[PDB]
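Shown next as structure tokens: one chain only, the form solved without the partner chain.
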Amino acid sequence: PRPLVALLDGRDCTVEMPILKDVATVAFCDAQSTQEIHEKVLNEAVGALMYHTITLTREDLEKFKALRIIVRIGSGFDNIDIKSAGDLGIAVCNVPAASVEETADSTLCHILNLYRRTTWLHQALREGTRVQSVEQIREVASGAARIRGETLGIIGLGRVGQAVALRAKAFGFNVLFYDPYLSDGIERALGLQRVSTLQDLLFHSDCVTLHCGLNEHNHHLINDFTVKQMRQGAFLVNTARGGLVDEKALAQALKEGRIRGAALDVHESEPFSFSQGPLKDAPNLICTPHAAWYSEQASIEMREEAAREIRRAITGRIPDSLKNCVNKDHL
């Protein structure tokens, strides 16, 4: 027969079918937890495709008896224990840049929304606020600032980070970044300022934007400690990973006024909701349901790509046939 491949936290396989039809048996679990995965999958599944709504711990992975590959349909793979999966002889792959630009564009939208207060002005206009005179325009739009000369501090100058830096220049932002893993000289190639430490970046930035993956070393990068290093009344943007920020610290900082405002597309606990979590009633906070990456073309693109990776894996050799394996070291 043809190897079984399962879509863990999803139920739509229309885009992948044309590509896997003759080489695999497609199936979906639409699971909201690993406990929701059926026995037949854990026993026979050779490949697996998953999104970000489900986590896979070592315990989870050990329950698969034939799993040979897990392809993340997206960028981040922090929801998967690449290490354990590797030891278990399970190759983990992702989809690197199908939405790099969708993400940079949303990032810029958040940045501008904080500086120009577009969303808040609209939200207030819906609240019935009246704005007839200039004095009232100034009051309702209070805080809107002139962007030219502001310092945008980027944390993580990777694919998205670079796309953000380039867009940022056009608005007159002075751009500087921090990324301890990059080789020296990239800052010269793109004409950007680089700093050696996080505190350095935080201290000189008027607006801080996260663009690094969530790893074993940056959990809660933004702490009650580091938040204290940020400028007074600085903006914070995060379209990377919720786990990079300690919402409790952020909430406090937002109430005290230390941070003028934050735009978050990702949160420590997703699904996100204003009714619960440390961000409840937190002042000047704009949120989005983790859609920074979305655009129909990108969704379609990343799915056909994930599908092809599965195909290469089933028809070729692991990890030789794979194009985006992220745990070769543990294999």
The other form holds:
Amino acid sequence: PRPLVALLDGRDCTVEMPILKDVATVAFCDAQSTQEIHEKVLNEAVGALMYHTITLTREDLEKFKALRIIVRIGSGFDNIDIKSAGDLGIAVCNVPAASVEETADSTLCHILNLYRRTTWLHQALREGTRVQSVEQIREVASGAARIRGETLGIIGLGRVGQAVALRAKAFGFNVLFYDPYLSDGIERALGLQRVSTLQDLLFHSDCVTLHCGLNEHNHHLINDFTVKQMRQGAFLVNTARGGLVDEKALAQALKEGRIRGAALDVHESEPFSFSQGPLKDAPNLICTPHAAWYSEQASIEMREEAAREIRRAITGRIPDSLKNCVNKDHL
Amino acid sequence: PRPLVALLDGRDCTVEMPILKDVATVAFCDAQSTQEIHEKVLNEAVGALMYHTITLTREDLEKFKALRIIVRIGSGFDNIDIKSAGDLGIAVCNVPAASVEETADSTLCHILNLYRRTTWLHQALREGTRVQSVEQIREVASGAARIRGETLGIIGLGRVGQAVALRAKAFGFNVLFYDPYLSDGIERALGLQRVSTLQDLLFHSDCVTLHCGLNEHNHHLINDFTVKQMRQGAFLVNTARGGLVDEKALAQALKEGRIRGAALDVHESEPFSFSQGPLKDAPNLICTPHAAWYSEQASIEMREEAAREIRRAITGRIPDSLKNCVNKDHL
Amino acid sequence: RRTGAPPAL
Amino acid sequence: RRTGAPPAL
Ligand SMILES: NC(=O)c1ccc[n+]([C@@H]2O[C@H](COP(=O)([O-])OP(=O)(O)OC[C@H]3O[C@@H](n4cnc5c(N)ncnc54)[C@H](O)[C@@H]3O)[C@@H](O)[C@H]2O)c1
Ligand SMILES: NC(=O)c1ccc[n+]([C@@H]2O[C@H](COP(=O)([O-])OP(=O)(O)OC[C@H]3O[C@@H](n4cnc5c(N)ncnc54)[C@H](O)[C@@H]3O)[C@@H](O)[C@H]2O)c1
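And the form deposited with the partner chain bound, for comparison with the form solved without the partner chain?
What follows is the whole complex; the chain from before opens it.
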């Protein structure tokens, strides 16, 4: 026999197959919740591969009897109770560096779509709006703004935020960031303005973009209180986590005009629909379905790394042989 | 009495009013063609302000009896027979530097929309596509590509093309250009690869973007012959002029899959419709209605400069007092 | 500039 | 790379 490794919330293992064939038994559950997982997997499985569509609480984790390693195929690991997994002896790993520039490229696309109205102008043209005179060009593209001199505020200057910052310079954005965990010096090295409080960023930014991981202290970071601290007619971009923005507060802000437009790749409740939830047809909203990370290369890249992390777990030592373990402190 | 200056294809002169009130009589025609212009204007008018929606041939120009100056409110002047106007003694001016970065920002938005599928993913989400698993994320965003290492080909490295080039560097694009009129050295100063023939650009570029003015020699630059020289599954962006691309050839290429996607702000026949013309529902097409230049600041900026060019014509000397005359050689 | 001051500061 | 050679060269 050889250790069982299961893909919890997927059906495809074609990319992982050549890396695990000889060291692990590969199965998949295609499960939305821990309820749909076969009793065998809970008892036998030593390894687990998962994405973002399944949440693992402390309850779910202590149903597993042989589980020693969880690898998240992708960056964020908020959907995994990493503290609880450490108590039980389960190492948690991620793949942080696979779709950094993909995400930054999609974020810049979102920013620009709000500023230049490319998506809404296409939408208008789809719906049979006729534009003849210069007067009606100005009318249909009303709100399109000049970028140079505008202030882009970045919340969380990690991998993605840093890549967004570099790209933003080229357009003429005045770039400032807020990151309470980075040590002094990053702002000087990259040549960016830095502010010390969230309100300070909100007060100065014409366009606010989110690039921080979802944690204990930042849930509903953009709420009823903090939305008011944002400038009149500011843009909001969120390609980080949906649980960071209060959708009820955002909706209200969009209708009243306090936020001129929003671009969302992530939402509080996924899958997203324009019919379901608080964002039920708020004006000036652009939404993509958690696809900012995607490209074939990035998808293969993270799956191969994830598969390699599994192999390192089975053959070598936990948590030594591991490369991208995110709960060494909880073990 | 004081000289008559008419806005040919518009109805609004509010921005030009404070600059011309004391030196010129201001009227407007709101005309699509020379046919709708009042007989008085043809006889009396010394000055003319116009946009892109009206074409002036040699026929139209020799109906004017007192016309001495035409100022185009905007960059391109292909819709004005500049050679013929010079023969008659009519100075032609433009406003070249008002919406350079606006256009480059919209172009970059178009490029990115093709690469990251932001508009099409939003369109999908508008039309009630449900995306739950990672499998269907990859499916709906199929064709989304990694930018770094890709080659962006620029045709015409003028004001806009140069600004596009600088922005493209930040994303990881390998940037090359083709411009048969620029002298040797521009490529070294800006740090860009340069090719000598149109086919050479077409052979190497994964994404082709257009930034040249419409002239005598480049009409239907992208035709049935040259489309074949483009790479299999290449992107096409055109925010320059619609008369540069054969829409019949583009349509055929888009359906067959030889061109993976196209983003158009300009079209052969304007206004554009998804029902009228050769692009009658070709797959993977994004269209905006000649709105790449637009922003309130840019719109005011060019109108004030245009109004100042009129004033310089009436008070000072033709073509000396003029600032942006484009037919000194034809006078 | 284009944007105005926050509703409550 | 991602894109292939032109149909006719
Ligand atoms: N939309 C998508 O398809 C997709 C793709 C990639 C990443 N993401 C998400 O976006 C995030 C991007 O971050 P990254 O990949 O650069 O990881 P990262 O760790 O490099 O960046 C996170 C940074 O944010 C900072 N931070 C944490 N909490 C903060 C808070 N309360 N306020 C301000 N800053 C805070 C941290 O100091 C850290 O440096 C990920 O956490 C991931 O969840 C989503
Ligand atoms: N889409 C819009 O709303 C909008 C806005 C701005 C400009 N435009 C158009 O796009 C063009 C942008 O050019 P610009 O503003 O940088 O002007 P520009 O004069 O600075 O750029 C034109 C350059 O293209 C080169 N060129 C001319 N013919 C060429 C050809 N046959 N092949 C390759 N290169 C050629 C010239 O040498 C010149 O340097 C304008 O001519 C204008 O017509 C459209």
